[PDB]
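Engineer: These are the residues of each chain, in order.
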Amino acid sequence: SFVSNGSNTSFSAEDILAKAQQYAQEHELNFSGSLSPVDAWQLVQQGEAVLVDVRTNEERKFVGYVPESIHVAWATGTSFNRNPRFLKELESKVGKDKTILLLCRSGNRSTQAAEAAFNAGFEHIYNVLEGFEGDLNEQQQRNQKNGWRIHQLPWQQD
Amino acid sequence: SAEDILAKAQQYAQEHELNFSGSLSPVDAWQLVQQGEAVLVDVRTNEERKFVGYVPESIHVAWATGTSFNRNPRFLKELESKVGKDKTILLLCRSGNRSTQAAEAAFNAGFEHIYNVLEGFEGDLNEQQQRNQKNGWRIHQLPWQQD
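For the record, the sequence lines run as chains A and B.
Each residue of the first sequence is one higher than the one before, starting from -10 at the first, in the deposited numbering.
Each residue of the second sequence is one higher than the one before, starting from 1 at the first, in the deposited numbering.
None of the hints are false.
Taking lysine-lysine pairs in the DSSO-like style, the calculated list, with each CA pair at most 27 Å apart, reads:
#1 B:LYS50 x A:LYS134
#2 B:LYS50 x A:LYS50
#3 B:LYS134 x B:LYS50
These aren't lab readings, by the way, just hints derived from the structure by calculation.
For reference, chain A alone in the conformation it holds in the complex:
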């Protein structure tokens, strides 16, 4: 007991988190912070944050998803029916004390979920900027301008 001081790490998450919190304060966001897809992946791969996918099951099935992300749908189906159990599910699957990064298709649904979760007592809620697919282009195609996929971060589908 005495010789060990607890777990040791070669990775520091405080500079990414401090930068994400600075982003939220500069933009006067009503949640803890926002961070790029690349910075989000850097935290998640090291086990320093929980990646929560707030997209529909249909998107995870047909567009793809990030392995080891936790699915808590903000809205469901092709009509985006709001999930009234979102906050209950986020609490039971993850918990209000965890460092949570919310990922949707863009930044839109994850921003809505982040505001709702922060208002409901989730202490460390962050928005992943750009989302999995990024913004639609003039040609009505996603994944050309920004997002997790264009950044060539890990993802898979069937």
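Knowing the structure of chain A, use the given hints to seat chain B on it.
Structural biologist: Below, chain B without anything else, positioned relative to chain A:
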């Protein structure tokens, strides 16, 4: 020539022992469809059309529905009512698997001119389990849109 593209597709069905009229590349399918010389029928799910994208002016007749690919019992009835057994029909799915099954079913049901679009809208999965990286409609930069 539409007639030349169709003849090549028919030749393809005979070399591969396919039980329908023919198969053709995404680029050859688009050349026919753009000119109004064939009907592009999307046999994917509404979920795929909504979240992956679709080819404008394609006719949606699902081979299977839902994220579970529940076989659509009304597929042949819908294909007959929405298009008709006498038309030149190109069946498009995600990769060619479901469109092959749909092509065989339609040809067996009396559809005279049934063709399969090779490689599908998204194409085959790569070693990283990602589609749209090797082949398919989108990698060929043919027209498509999503919301």
